[PDB]
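Before any questions on binding or motion, here is one chain by itself as structure tokens, the form solved without this ligand.
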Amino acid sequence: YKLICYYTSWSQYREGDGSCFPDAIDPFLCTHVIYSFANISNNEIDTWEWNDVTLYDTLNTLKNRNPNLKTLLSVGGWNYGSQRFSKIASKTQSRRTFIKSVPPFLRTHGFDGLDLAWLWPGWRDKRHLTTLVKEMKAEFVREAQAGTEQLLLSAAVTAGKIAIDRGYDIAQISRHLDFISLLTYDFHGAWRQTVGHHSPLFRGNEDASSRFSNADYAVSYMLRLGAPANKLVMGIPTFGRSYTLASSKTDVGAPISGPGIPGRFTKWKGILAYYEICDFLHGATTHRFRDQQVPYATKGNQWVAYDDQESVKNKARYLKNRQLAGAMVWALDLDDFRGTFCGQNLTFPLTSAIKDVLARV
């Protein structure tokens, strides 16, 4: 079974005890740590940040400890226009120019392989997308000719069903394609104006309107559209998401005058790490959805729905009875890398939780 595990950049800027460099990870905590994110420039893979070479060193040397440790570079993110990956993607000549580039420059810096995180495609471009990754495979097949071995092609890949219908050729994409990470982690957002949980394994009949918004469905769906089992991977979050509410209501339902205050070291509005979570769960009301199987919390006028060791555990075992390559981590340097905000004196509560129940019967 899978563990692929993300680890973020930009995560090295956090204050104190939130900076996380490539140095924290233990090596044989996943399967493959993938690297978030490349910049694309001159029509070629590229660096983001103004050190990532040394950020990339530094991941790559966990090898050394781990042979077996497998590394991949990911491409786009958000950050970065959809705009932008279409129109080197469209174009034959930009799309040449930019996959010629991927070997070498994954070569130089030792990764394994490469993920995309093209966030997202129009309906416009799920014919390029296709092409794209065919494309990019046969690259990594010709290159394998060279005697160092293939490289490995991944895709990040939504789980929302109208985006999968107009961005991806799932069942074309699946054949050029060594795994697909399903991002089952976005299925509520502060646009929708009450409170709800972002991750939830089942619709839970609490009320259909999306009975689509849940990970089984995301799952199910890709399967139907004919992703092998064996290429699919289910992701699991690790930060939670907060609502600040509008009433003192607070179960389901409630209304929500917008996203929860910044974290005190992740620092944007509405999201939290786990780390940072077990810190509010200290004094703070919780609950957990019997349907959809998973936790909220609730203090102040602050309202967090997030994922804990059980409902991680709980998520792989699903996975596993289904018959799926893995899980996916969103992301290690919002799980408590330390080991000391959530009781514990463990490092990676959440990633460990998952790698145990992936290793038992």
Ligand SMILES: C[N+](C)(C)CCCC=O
Contents of the next structure:
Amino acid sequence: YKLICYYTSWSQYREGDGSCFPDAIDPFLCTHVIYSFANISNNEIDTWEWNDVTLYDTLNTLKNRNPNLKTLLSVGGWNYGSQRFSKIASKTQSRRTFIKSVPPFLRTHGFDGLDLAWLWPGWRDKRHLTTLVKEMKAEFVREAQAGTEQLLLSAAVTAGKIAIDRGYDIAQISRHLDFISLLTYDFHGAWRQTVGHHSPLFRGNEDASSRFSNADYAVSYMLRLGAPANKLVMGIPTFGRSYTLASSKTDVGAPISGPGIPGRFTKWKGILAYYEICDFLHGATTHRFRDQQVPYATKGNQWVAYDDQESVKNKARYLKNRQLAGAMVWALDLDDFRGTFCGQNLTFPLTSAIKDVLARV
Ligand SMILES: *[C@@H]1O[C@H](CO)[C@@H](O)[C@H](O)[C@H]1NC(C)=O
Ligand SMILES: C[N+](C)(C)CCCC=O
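Show the same protein again, this time as the form solved in complex with this ligand rather than the form solved without this ligand.
Shown next: the complete complex, the earlier chain at its head.
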């Protein structure tokens, strides 16, 4: 199985124990660690943080302890636009400049491959993403001739049917990519006016205003569109999403006034790290959505949809049953990477729960 795990550049700046550098990562926890995100500047891949060259080195030193570990660098992300990516991919000359720049930069910084994180191609972009993926893979095949193991190419792909149909020619890109990480954890957000889970495995009996908004639907769709099982990697979040409740109702359908208050460490309304959530659960009431097979918890006017050891194992059993290539984790710095928040003295509880299921029968 693969266990693809993202590390984010910006996690280093969090206050106190929220601070996460790549030497916090257990070299043997994942099979591939993806460093997020690289910029494109002068139409060439580039660093983002002032000290990315140092942290790339820190990450890459993990292979001293675990020489089988693979690393990739993800270009794109939310701060980088969609529109910035569109401009590069849609013109043959910009596209070539970009593609040429990638292998030398990766080899300089000790990465084994590139992850494409264009978030996200519009309907005018679908055909240009196809061309980008094909041409980038061709450049990697060419570069392998110089004697070093061929660079890997992956892509992060959103899990909503509408976004997939808008931007991605899944049958074509899957031919050239070594794996596709499906982002099966953005199925609900504060843009809705109610509580709901963003990473349910199934729809649940609840109701079907929108069937589609669940991981099973997305995995089945990707396979239907021609992504081989052996290239499809299912995303599992270590963060949860929070809401501020509008009423005392806490239940399926409960109204919401906006995202939840910011976490003490992650400081972003509407999201919490798992370590923050372990703290939140003290004094909270816990519930599971039985049909959707994922938990939520509530305290005061705050309501948090999240994943725990049981729901992540359950997702790992599911993707092994569908014979997928493995799991992707967003993100290592949002698991309890210190191991000191969740009452069990165990670093990366959620990621090691996934790893242990994948390792069994
Ligand atoms: C990314 O590249 C753009 C385009 O050159 C540049 O304007 C921007 O400052 C870069 N961002 C960072 C954080 O380096
Ligand atoms: C917004 N945070 C807290 C940086 C996390 C954003 C999703 C980050 O990984």
